[PDB]
Amino acid sequence: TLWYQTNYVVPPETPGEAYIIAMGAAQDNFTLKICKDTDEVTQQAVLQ
Amino acid sequence: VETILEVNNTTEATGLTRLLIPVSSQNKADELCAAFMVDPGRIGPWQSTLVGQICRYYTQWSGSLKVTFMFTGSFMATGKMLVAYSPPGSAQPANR
Amino acid sequence: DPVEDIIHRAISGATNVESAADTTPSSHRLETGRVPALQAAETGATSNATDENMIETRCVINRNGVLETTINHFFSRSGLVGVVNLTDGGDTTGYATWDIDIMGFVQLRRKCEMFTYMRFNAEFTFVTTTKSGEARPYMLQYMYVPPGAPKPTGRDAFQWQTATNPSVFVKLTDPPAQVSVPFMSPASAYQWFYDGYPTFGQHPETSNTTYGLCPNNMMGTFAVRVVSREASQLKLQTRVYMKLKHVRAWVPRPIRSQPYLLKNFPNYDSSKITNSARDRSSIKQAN
Amino acid sequence: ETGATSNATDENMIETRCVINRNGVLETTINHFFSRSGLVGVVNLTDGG
Amino acid sequence: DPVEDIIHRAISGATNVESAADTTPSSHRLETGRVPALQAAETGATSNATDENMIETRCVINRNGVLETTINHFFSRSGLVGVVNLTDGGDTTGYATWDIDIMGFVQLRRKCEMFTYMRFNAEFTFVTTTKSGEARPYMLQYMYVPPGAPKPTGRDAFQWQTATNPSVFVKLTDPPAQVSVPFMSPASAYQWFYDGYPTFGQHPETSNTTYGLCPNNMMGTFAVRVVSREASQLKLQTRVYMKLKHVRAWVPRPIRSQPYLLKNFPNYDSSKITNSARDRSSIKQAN
Amino acid sequence: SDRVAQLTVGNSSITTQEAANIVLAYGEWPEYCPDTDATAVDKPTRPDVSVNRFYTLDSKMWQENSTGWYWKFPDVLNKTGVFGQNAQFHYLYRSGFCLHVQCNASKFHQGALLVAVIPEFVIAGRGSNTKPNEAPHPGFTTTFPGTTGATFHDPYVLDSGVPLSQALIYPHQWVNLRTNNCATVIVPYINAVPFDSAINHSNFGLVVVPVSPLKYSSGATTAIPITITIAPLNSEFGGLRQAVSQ
Amino acid sequence: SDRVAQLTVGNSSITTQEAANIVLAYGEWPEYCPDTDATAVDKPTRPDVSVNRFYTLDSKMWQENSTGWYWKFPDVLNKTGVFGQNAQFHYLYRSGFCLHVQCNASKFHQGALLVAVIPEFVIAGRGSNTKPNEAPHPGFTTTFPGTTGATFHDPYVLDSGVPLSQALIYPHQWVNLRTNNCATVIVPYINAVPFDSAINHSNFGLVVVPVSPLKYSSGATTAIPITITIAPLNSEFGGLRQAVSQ
Ligand SMILES: CCCCCCCCCCCCC/C=C/[C@H](O)[C@H](N)CO
Ligand SMILES: CCCCCCCCCCCCC/C=C/[C@H](O)[C@H](N)CO
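Chains as they are written, first to last, in the entry's author numbering: chain U, 193 to 240; chain H, 49 to 144; chain G, 2 to 9, 18 to 296; chain D, 51 to 99; chain E, 2 to 9, 18 to 296; chain S, 10 to 255; chain W, 10 to 255.
What the hints contain is simulated information worked out from the structure, not anything from laboratory work. Idealized CB from N, CA, C, for every residue including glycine. Any given hint could turn out to be false.
Unchecked claim - Examples of chain H residues toward chain U, derived with CB under 10 Å:
| # | residue |
| --- | --- |
| 1 | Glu50 |
| 2 | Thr59 |
| 3 | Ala82 |
| 4 | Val86 |
| 5 | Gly111 |
| 6 | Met129 |
| 7 | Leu130 |
Let the hints inform the model, and build the full structure from the sequences given.
Below is the structure:
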């Protein structure tokens, strides 16, 4: 979760609404196993 | 390698606004900006990451993950945020 | 050094024994306060009274082999863990799916349930035939579907391309198909008894069906079809045998006394309790 | 902004124990990732038509 | 070794300084990025800017003594901690009792309250006289009554036998009586401010009078009579002075700004707040 | 010499006159998790004296017809003591238990109880229904009875469909009224994983089943309570978060 | 280099851009009680990561007329976290605190807060009555306000009848909106006794008093919250018993 610790303060004549971009990755202890076939893509028929 | 992670989904934001999450001056203190579950293989934010797509070719995963937040606001804006990770056993916290 | 209190084995050991134990000659003893016969069963330790102490024995050098009783030769025998029925001609259908559980039925289940924890590899063998027992030169496909992989939705589905999921193509007249499987659990051992719930939250006292289930034992799905574009008209049955090899076992426990009512649950019927024994005529007459 | 990913590790962020990790990294090599066969084409032949 | 994580100073030091600091000759500096004048008061550290850095100074070897400012010479001065009124002739009466508190009134209280913790010995002096100031050859008894000892219930009470309780017999015309007292606290230091309650349990929001009291500061009672079987007719007043010696002090704190309303409590009247300063005419005119 | 004995852990102590030795389950002591076996990377907390100590539960009154009782250990202690509070605030748990059962009786009483520590003890549903959807399942409060414990319906099968005669294959001790008045067993932490959640999972159960029934003569004391004392031993916790009791 | 900084304790971490150094009160670090200074003979428990860590309390909204606030530390944390549970089950307590105060604002805002750690801070009654029996006493909830904190009536005397100008004789730090956005102070355990009860006694208070008031221009952000973060550091507990919260 991402919470406001204090507040978002801005001087006068400056935009009062901003954006945080979020990001993700792994570290050197991250591993995987048991390779399977992914479900993200489907095909209805042969691709001409 | 870090990859763009989508948090804002909803029915709105159209194409590229899904990548951004808003921060703005809050009247009531101690307010929740955003949340999401950190399972990379689960449908959700991590599908947009390239770590989340590569862990869908694999059944199991083990290791530490890192999440990076970059603030695109103006130079003259200030603030402090609290980002917290809660191990399982309950739904998301109600208050910080 | 500034504070002192912050400044701070097992019992037995395993002996390699190739053959059964021998016997050494003993003679009568008459004296006091040496009594191998009297034991205390309350201590929880079994009687250490031996042959040589109780009566007079001769010198016997025993050549009988102990090997056949190791757990690794005890599970070396293959058994039937599941049987899946495939009819390609009936209606649409076209494929068969079998979720992998070796608790499917009895003989092999009753063996594996005398240990709480087992780590091992496996070897699956697929014996396929017609309902009539006859063999015909049709090709079959056996695809393994790990947890989270999308299941086949039909005979023509793209699921069967198998760029990742391992498959076995074998004709029906050929010898059975056989493969080796590693130890795939996310934990360090399989466990046949899990006392607990897979998730947090409320647990109703009406339907508890979540109880007892261990996710670490879910290996996913095994699917089978017959490879053609047009639907063949035949009925087909696939028996699955598995050897169990490179096995390790922990914390043994008692065998099942009662008939198994359910596949995943150790339920029994309390009116029918079998009293494992055979009835007799009084006591003090043996057969 | 620099284009380099975060080099922040576990040991620096919070207190960790001593963990000697035996998990294998082998199965993720590109040479085991493509070792699996797949269907690249299917051709229909009718000799009688 | 089996598990690693179970396997696991100050800042400054005190310098003995017998005399005040000297001054060393300095000259003009013109260069960049060396600025003893600019300080940051936000850091919580006081300005380290010295004389020699700010302007040009001569060589001054300072002989002024620093001794008189030690805390051990600062409390070496005796003060009046209590005064007890004894009338032997009025009605029955016959004795006077004074519970020992050195917060009784101001000057000495205001000194001792600039430290939170003080450990020290004490020396009490008893100046006794008539209401008229005159002295008369009557003998008096000063008995100290430690916490839990039974208090005198009358002039003839057996409490005054003093087989244990230390006493002082002195005639009224003689020089004052003087005794040394050790450090009697059950704790390791006296504390003039205790934030907390002596007991557990409920704490009403109407009358909190239990709040603030530290039991470790309760030294018991000091009693006084005049020794005769028949009641003398006179009025008498006993002033108690105490030197405070072998003193140690910890965690200093600010002085009292406001007049003391109560003996045991740091109460003030919020309408009368004094604004410790003297009023002035605007600013930018100094007297 | 061997009969008499005294334990101690934390600020609690137990003394016994008539005890018969001590059972150490599977010939291993409780230990902290070694670095090689560990997985979770956070630094676990090791409270020691605040957690490890003897806790006494409410007493069971043993009557001539009594059928036996059972408990689940990382259950009974979840709502009691400081051990229970660490268990609700932490996602991960490991520890062994030192266990002590106590039943007094006169030299004129007779009977025997079977005390046994039976890992991964899974109670079962009682009924003849073979259909999985309509089949009975044994409640929540029957599975995790808590401090108050639960009683067997039919102890002969141990509610598990398994013969009680073979229960001696588990770390076990008899308390026989003519021999000893108490039974003691130390259990190292066993599981397929280095740590496991305390509130979800129950490592092992305890079973006190009156094999030979309770018998005495008129005029003797009728009320014969049974009391169990359990010491979480060599405890560890990890995965700190807000309190979840259920 | 000196401006930027990061703390860490337990599983919690704090980062600051604009911070100004760090205050270490009275030039000493928190320590465990040495063998010579100890008195109570029981073995104290040292939970470490479960207790020692940063706890964030609810935020105070600082307004142009704000008069300041205060807290009592072995109070605010008695009902929250695992630290609070050890405090209710144990009769004895010792620890130091690492303290962090946080107030953001723009370069167009101006003002200053005085953060101070003032040991044995004893609030006083407000009234002119000199008679001890009828004299006012400052409530229970004003003395131990708990997590929510309490506000000064007249900060100039600090409610103690003592001048605020001299409050700089206490470990203290300014947070000045033009200079730094946060203040940090580490406090070793101080008291006249090696251990002391957590629920009865409050070792020290914290005082955030707006010396120079809060001022800005129309169009700027009005809401300026103040947040405090406290880490019980190098903790110890003893005298285990049943839970007493009051
Ligand atoms: C081409 C098909 C190959 C199939 C490979 C699958 C092997 C599965 C691993 C061995 C079996 C694991 C043990 C089974 C657990 C239990 O039966 C249930 N999951 C629990 O009721
Ligand atoms: C013959 C009479 C001798 C009297 C000896 C008594 C000496 C008492 C010890 C020194 C005084 C201790 C400090 C006093 C504490 C405070 O005044 C109050 N107890 C707290 O309000």
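How the hints compare with the structure:
At about 4 Å, the closest approach between the beta carbon of H:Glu50 and any beta carbon in chain U falls short of 10 Å, and the interface hint on this residue holds. Contact between H:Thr59 and chain U, as hinted, is not supported at the beta carbon level, the nearest pair being about 19 Å apart and thus beyond 10 Å. The closest approach between the C-beta of H:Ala82 and any C-beta of chain U is roughly 5 Å, which is under the 10 Å cut-off, so the hint is satisfied. Taking 10 Å as the C-beta cut-off, the interface hint given for H:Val86 holds, the closest approach to chain U being about 9 Å.
For the restraint placing H:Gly111 at the interface with chain U, the shortest Cβ-Cβ distance is roughly 3 Å, inside the 10 Å limit, so the hint holds. A least Cβ separation of about 6 Å between H:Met129 and chain U falls short of the 10 Å threshold, and the interface hint therefore holds. Checking H:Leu130 against chain U: minimum C-beta separation of about 4 Å stays under 10 Å; hint holds.
The structure fails hint 2 only (numbered hints given earlier).
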